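Chemist: Required output: the full structure, derived from the provided sequences and hints.
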Amino acid sequence: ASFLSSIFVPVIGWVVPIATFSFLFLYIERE
Amino acid sequence: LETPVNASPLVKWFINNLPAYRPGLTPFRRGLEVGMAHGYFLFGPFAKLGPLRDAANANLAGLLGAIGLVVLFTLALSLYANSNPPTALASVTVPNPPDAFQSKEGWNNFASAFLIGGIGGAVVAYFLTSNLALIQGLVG
Amino acid sequence: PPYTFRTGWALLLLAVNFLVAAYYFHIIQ
Amino acid sequence: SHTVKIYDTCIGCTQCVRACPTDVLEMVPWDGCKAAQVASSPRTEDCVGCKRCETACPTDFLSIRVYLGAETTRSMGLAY
Amino acid sequence: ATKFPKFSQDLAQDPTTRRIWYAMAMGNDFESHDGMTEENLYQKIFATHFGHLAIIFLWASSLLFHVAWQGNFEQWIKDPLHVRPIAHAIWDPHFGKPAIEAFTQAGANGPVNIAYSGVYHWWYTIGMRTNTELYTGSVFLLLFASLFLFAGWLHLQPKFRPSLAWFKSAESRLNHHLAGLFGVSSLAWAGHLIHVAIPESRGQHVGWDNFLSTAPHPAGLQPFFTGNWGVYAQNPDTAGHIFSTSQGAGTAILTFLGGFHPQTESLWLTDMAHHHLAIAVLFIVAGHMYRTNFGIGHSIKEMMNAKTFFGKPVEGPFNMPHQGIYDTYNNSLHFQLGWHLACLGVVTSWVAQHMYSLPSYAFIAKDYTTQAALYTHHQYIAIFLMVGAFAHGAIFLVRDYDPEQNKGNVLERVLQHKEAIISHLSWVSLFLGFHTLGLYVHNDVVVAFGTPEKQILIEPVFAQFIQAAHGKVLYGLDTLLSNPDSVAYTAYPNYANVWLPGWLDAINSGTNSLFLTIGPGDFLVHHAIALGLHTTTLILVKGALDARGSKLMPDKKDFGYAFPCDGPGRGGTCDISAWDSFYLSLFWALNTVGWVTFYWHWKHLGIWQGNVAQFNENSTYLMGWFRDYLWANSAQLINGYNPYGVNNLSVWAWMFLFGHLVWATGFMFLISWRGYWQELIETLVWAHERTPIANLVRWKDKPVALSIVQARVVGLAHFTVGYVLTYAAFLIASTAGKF
Amino acid sequence: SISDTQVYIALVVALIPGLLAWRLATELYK
Ligand code: CLA
Ligand code: CLA
Ligand code: CLA
Ligand code: CLA
Ligand SMILES: CC1=C(/C=C/C(C)=C/C=C/C(C)=C/C=C/C=C(C)/C=C/C=C(C)/C=C/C2=C(C)CCCC2(C)C)C(C)(C)CCC1
Ligand SMILES: CC1=C(/C=C/C(C)=C/C=C/C(C)=C/C=C/C=C(C)/C=C/C=C(C)/C=C/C2=C(C)CCCC2(C)C)C(C)(C)CCC1
Ligand code: SF4
Ligand code: SF4
Numbered sequence: 013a014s015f016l017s018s019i020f021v022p023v024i025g026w027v028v029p030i031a032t033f034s035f036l037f038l039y040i041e042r043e
Numbered sequence: 033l034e035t036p037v038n039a040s041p042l043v044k045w046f047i048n049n050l051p052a053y054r055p056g057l058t059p060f061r062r063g064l065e066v067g068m069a070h071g072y073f074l075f076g077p078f079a080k081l082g083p084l085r086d087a088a089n090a091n092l093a094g095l096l097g098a099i100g101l102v103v104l105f106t107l108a109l110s111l112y113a114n115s116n117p118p119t120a121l122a123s124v125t126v127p128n129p130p131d132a133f134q135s136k137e138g139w140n141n142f143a144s145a146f147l148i149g150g151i152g153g154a155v156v157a158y159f160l161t162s163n164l165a166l167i168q169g170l171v172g
Numbered sequence: 016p017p018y019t020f021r022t023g024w025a026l027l028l029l030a031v032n033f034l035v036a037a038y039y040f041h042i043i044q
Numbered sequence: 002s003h004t005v006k007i008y009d010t011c012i013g014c015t016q017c018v019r020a021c022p023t024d025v026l027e028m029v030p031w032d033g034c035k036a037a038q039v040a041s042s043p044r045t046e047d048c049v050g051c052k053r054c055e056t057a058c059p060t061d062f063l064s065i066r067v068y069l070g071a072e073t074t075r076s077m078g079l080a081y
Numbered sequence: 002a003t004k005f006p007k008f009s010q011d012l013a014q015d016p017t018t019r020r021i022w023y024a025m026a027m028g029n030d031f032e033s034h035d036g037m038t039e040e041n042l043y044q045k046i047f048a049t050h051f052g053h054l055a056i057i058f059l060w061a062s063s064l065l066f067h068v069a070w071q072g073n074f075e076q077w078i079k080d081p082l083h084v085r086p087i088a089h090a091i092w093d094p095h096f097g098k099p100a101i102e103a104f105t106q107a108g109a110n111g112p113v114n115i116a117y118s119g120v121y122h123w124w125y126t127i128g129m130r131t132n133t134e135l136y137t138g139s140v141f142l143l144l145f146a147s148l149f150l151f152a153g154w155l156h157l158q159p160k161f162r163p164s165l166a167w168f169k170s171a172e173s174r175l176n177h178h179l180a181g182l183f184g185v186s187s188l189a190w191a192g193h194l195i196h197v198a199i200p201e202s203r204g205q206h207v208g209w210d211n212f213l214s215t216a217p218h219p220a221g222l223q224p225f226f227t228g229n230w231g232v233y234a235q236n237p238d239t240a241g242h243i244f245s246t247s248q249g250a251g252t253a254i255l256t257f258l259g260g261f262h263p264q265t266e267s268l269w270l271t272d273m274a275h276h277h278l279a280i281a282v283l284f285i286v287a288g289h290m291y292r293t294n295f296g297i298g299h300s301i302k303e304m305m306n307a308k309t310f311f312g313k314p315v316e317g318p319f320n321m322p323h324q325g326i327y328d329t330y331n332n333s334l335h336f337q338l339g340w341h342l343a344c345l346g347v348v349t350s351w352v353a354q355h356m357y358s359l360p361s362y363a364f365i366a367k368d369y370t371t372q373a374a375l376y377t378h379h380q381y382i383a384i385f386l387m388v389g390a391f392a393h394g395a396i397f398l399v400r401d402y403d404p405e406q407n408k409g410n411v412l413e414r415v416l417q418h419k420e421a422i423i424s425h426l427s428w429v430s431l432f433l434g435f436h437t438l439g440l441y442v443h444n445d446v447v448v449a450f451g452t453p454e455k456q457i458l459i460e461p462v463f464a465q466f467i468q469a470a471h472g473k474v475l476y477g478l479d480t481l482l483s484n485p486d487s488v489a490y491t492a493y494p495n496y497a498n499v500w501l502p503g504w505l506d507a508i509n510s511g512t513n514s515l516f517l518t519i520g521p522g523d524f525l526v527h528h529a530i531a532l533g534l535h536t537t538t539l540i541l542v543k544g545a546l547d548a549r550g551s552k553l554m555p556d557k558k559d560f561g562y563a564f565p566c567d568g569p570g571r572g573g574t575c576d577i578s579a580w581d582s583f584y585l586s587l588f589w590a591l592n593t594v595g596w597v598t599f600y601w602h603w604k605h606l607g608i609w610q611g612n613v614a615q616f617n618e619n620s621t622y623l624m625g626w627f628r629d630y631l632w633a634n635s636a637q638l639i640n641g642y643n644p645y646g647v648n649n650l651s652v653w654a655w656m657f658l659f660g661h662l663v664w665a666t667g668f669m670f671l672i673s674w675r676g677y678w679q680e681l682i683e684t685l686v687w688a689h690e691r692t693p694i695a696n697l698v699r700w701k702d703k704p705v706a707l708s709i710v711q712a713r714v715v716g717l718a719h720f721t722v723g724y725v726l727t728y729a730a731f732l733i734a735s736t737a738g739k740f
Numbered sequence: 011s012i013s014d015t016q017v018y019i020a021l022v023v024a025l026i027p028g029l030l031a032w033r034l035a036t037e038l039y040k
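Just so you know, the sequences run in chain order dI, aL, dX, dC, dB and dM.
Letter 31 of the first sequence, counting from 1, is numbered 43 in PDB author numbering, and no numbers are missing.
Letter 50 of the second sequence, counting from 1, is numbered 82 in PDB author numbering, and no numbers are missing.
Letter 28 of the third sequence, counting from 1, is numbered 43 in PDB author numbering, and no numbers are missing.
Letter 69 of the fourth sequence, counting from 1, is numbered 70 in PDB author numbering, and no numbers are missing.
Letter 590 of the fifth sequence, counting from 1, is numbered 591 in PDB author numbering, and no numbers are missing.
Letter 6 of the sixth sequence, counting from 1, is numbered 16 in PDB author numbering, and no numbers are missing.
Quick caveat, the hints were computed from the structure, so don't treat them as lab data.
Certain hints may be false.
Straight-line alpha carbon distances no greater than 25 Å define the calculated DSS-like cross-link-like pairs of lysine-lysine that follow [said to hold, decoys possible]: (1) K45(dB) to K4(dB); (2) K44(aL) to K160(dB); (3) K703(dB) to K4(dB); (4) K552(dB) to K40(dM); (5) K4(dB) to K40(dM); (6) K419(dB) to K6(dC); (7) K169(dB) to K302(dB); (8) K160(dB) to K45(dB); (9) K419(dB) to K552(dB); (10) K6(dC) to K35(dC); (11) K40(dM) to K45(dB); (12) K308(dB) to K408(dB); (13) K40(dM) to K7(dB); (14) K79(dB) to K367(dB); (15) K419(dB) to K313(dB); (16) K701(dB) to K4(dB); (17) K313(dB) to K302(dB); (18) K6(dC) to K558(dB).
Modeler: Below, the structure written as structure tokens:
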């Protein structure tokens, strides 16, 4: 099942930092 | 009096967490864990010590014996229930009864869940001892 | 004062320094 | 802001008041020293942590001391 | 005016971008948080310690799973001496087609990374044979790491949350951790070797299914209880034992040959079994020493405060005042953390010193690059653990230290004569450096002038002796286990040197790293190492002892541990704080471990290639280091990619250049300091409010330059990462390109 | 190597520490 690399690596490469940075930027800039 | 056996906090924490005494439980829930526990080990001395313990149906000799004696206990629970039982005691390690063991209605709920759990505890012990080489291939 | 407890252990350790050199100089074998 | 502690060892030299560029320091009368005045810091929300006031003090060791604390806009020295 | 960071109101009221950066470097500092009390501190550190513990098991499970699913472990069993291991596989979309063909290696379908961490040798030694045991141990560590993630959550709930007196019960940790964590676990691993790993070493499969049926010994635990323990040391694995087969096998489970297995050139598994069994008995006995609630045992607070040696009044133990040290170790957490990093830092290098000379893993002495990486790894780990020992020891003296509780004791007497410690440390650093650099430059000029016989070459005659006092005939000193007439050789009253015939076979062969032959090139580098240890200690001790103030600046304790300076006054005070003496030392600590690992690597490149004469001639003068090691070995590396093509070294050729760039970037934060850059950002703030379309958007946090203490962190971070990655790309590919 | 089935068991079992790590890291405060 070597096709899981095609679906975990782009999520951790792209989706994981986009979801993390967009959470943290809205959390540090929160009155 | 008071000793490090009846009152050490390791033992007070233990006895107050058995399902006979754990706070906030339906009496069906109390007899469910008491039943599954006592139905699990009582598969033991019938299967490997019984009269047909060398035959190919050795574990089935232990299953019908252990189920058939959970049914005997469940009668004795319902015999103790229907006899207008006296209120339970309060020792130095357990300061209060679990409040479901003074009504006739509460022992009847305790009696049924022993039967539901005691049969299921014996079946899973029949499942695990007949499938030893199954588990040790799922492990190695 | 003549430091007895200090010099007592320094002469013990220096006696270990001289003992190992006796093996290295073949004085003791 | 920062924290400006002034101990009781100074002589009223008025070198620290004439060196703090945001004018935090001022002289108040005080019957202790020979010049009969001690430095005081009543406006420490304006202090920028420059430590020009510690450089100009004669006494050994320093009678004035700047403790660097939480940095707001006035103490960062930001024109924006 | 935001609510981030939660742990500080002084940082959360910062309008600049300093708010963002100081949240990161004060986040795990639990002691400086807002409103943090004493018992809330320990209860939060204890549950955090379940968090770091469960990272370790989740880390070690990915080593098992990525090998079982993507590596060639079952193909590596058949021939471990030529089959080249596999760590994981590459899914890189940015690869070109000649860079998929170059990394399709070791007999695999796709691009794979050759494992240079040696975990196939450790798993093959301890009995694991197929890819299913690797997967089973992987899934077990998923559950075993979740058992600690639940435990840290459980011990933060209010009636499951431990009290303060539970943490400061120090005599009960020492009984449970020595007997249980050290002793039972050494006993359990001896049970794992004897039941499983030693029978797996003889071609005899023992798994979870049949370990209750099969016995490790045909005698079978009857000679244990009767006292006939010599039955366990019957016929061992012979000198023709082919590993993991039944040829030349034995029945013994606890044996004491000493030396190495003749094929794998590792330690005998029967020797390790009697080792961890004997370690286990020495620790369970050691764990029944200190006083707990059972009214028996030694009491450490009474051992410190004792003043009477058999009626004679003394100042304390060894007539030295150790009173109040129990209330100094146990009350402070930085004294504990500063202490135990020194303890863990000693053993970490001590691991590395004994794993190249005494290999304990099957076929690891012949897989070279896995052995060159494991030495250099645990040496650099030992570097940071020793620098942080003095670092967290110096946070103790600023923050936690109390001179009244510690009055008159041995830790007070060090702070009195601290100018005598730093002076004689400054002497040895200069006494070595003036005369070690002097003899390299002497040998450099002398060889350059074509007359190399005028070199000053010193035989290391004090370490020549120790190797001959351990049994090396090669020098002819004829003492002490090399003298066969010696009292130490024969063990005169009892003659019980069982280890000694197997030890002298190992030390007298020229086919291992056991007590390598040393010469005049090894004289100068051990005195160059001693230059690096006494000088790194000089910076760290002087920053520890002067952490509470001195002549140029008294009351440095009022300013905390990390503050920039005290201004340009008094001549200026740049890098005056106790943090700044942590800072200067990590240049030396990375330097010194360079010297100990340039010298490790180049002595073994002569052993592995059969050319011992290249090192012994050329390591006396500093061109031979520069030419025959740095220049000559980086030819396979730098040709990892050229205009002709690529090969499998092109990552290490790319990481080598990457390391030279991160290293050089860190100079920018150190040569140039802050006030240049705040006057540069104030022109970018101007030209953003004036640009007509781009001033629709605007910052929430005002841009300021990095603070003075911050870009010494950021400067040291680019320096250290680039120092590691440069050598780690040179260490691997110069060894894995030559074998 | 290991079978294609066994990889999915390892992923589902890995949600059990993934859930518990989210519980611990939020019990340690925000
Ligand atoms: C921390 C441990 C760790 C690390 C660094 C890696 C590293 C890698 N894995 Mg792997 N993996 C691990 C544990 C680990 N694995 C475990 C336990 C499992 C079983 C569930 C897997 C299952 C797995 C699969 C199925 C695949 C990878 C793949 C990969 C590669 C690409 C990264 C990726 O997509 O992640 C994938 C990540 C996951 C599937 C889930 C992560 C599971 C661990 C337990 C999370 C650890 C989080 C960490 C502790 C949080 C701390 C962050 C830190 C910065 C503070 C890379 C070699 C891919 C690959 O080989 O591409 C070629 C791929 O297809 N991994
Ligand atoms: C017998 C009972 C027992 C046991 C097993 C433990 C075990 C542990 N306690 Mg502990 N504890 C106990 C009783 C016990 N405690 C009691 C009674 C108290 C109260 C008085 C405490 C109070 C306490 C506190 C307050 C803390 C612990 C912590 C820990 C953990 C230490 C960190 C760790 O995992 O290192 C594991 C270390 C080893 C397995 C030994 C390593 C030996 C050296 C360093 C290396 C030797 C290995 C060798 C070279 C070979 C390795 C090679 C191989 C890896 C390839 C560990 C799980 C800490 C922790 O992390 O909390 C979770 C912590 O903060 N304990
Ligand atoms: C188990 C050991 C241990 C423990 C528990 C601690 C715990 C602590 N230390 Mg300590 N320390 C340690 C080891 C340890 N340290 C070691 C080994 C050293 C020597 C290097 C130090 C040096 C040290 C100093 C000098 C200081 C501390 C401080 C602290 C406290 C706060 C930490 C903090 O703010 O984190 C914040 C974390 C960071 C800022 C992390 C940034 C650094 C990361 C690791 C860089 C990584 C680079 C990058 C990811 C690489 C990518 C590569 C890629 C490009 C290819 C805390 C009590 C500080 C304090 O004030 O104490 C109260 C403090 O001043 N420690
Ligand atoms: C042949 C070339 C050569 C050269 C160029 C040097 C050059 C140097 N040596 Mg060196 N040395 C050499 C050979 C050489 N050495 C040899 C063969 C020996 C073995 C005996 C030594 C032993 C030696 C010692 C023991 C010391 C030096 C020191 C020095 C430095 C200052 C010397 C001086 O006069 O300062 C001017 C002199 C003074 C400022 C005060 C006098 C200090 C003298 C050197 C010590 C004598 C005091 C006492 C009698 C002995 C002290 C006990 C000692 C045995 C441990 C200087 C760089 C010193 C050093 O490294 O300081 C950092 C130092 O302490 N050297
Ligand atoms: C060791 C020890 C101990 C312990 C002991 C005991 C107590 C044991 C027991 C054990 C047991 C005795 C167990 C049991 C278990 C059980 C189980 C595990 C079961 C399961 C079951 C199931 C799962 C079932 C289910 C079901 C039902 C319920 C119904 C329907 C059907 C079915 C089947 C589904 C003590 C602490 C004292 C002390 C120390 C040591
Ligand atoms: C050879 C040999 C031997 C011997 C050995 C020995 C004797 C060893 C030694 C060892 C040692 C001798 C070690 C040591 C080490 C040390 C160190 C490592 C230190 C460190 C420290 C620290 C770091 C500290 C810290 C601190 C500070 C800084 C401040 C205050 C606080 C504190 C204290 C914490 C024997 C006989 C056995 C056998 C044979 C061989
Ligand atoms: S603090 Fe310094 S400048 Fe101010 S009065 Fe005292 S001595 Fe003068
Ligand atoms: S912070 Fe120092 S330099 Fe600045 S105004 Fe105050 S006393 Fe003067």
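Chemist: Out of the numbered hints, which ones does the structure contradict?
Modeler: Hints 4, 6 and 15 not satisfied by this model.
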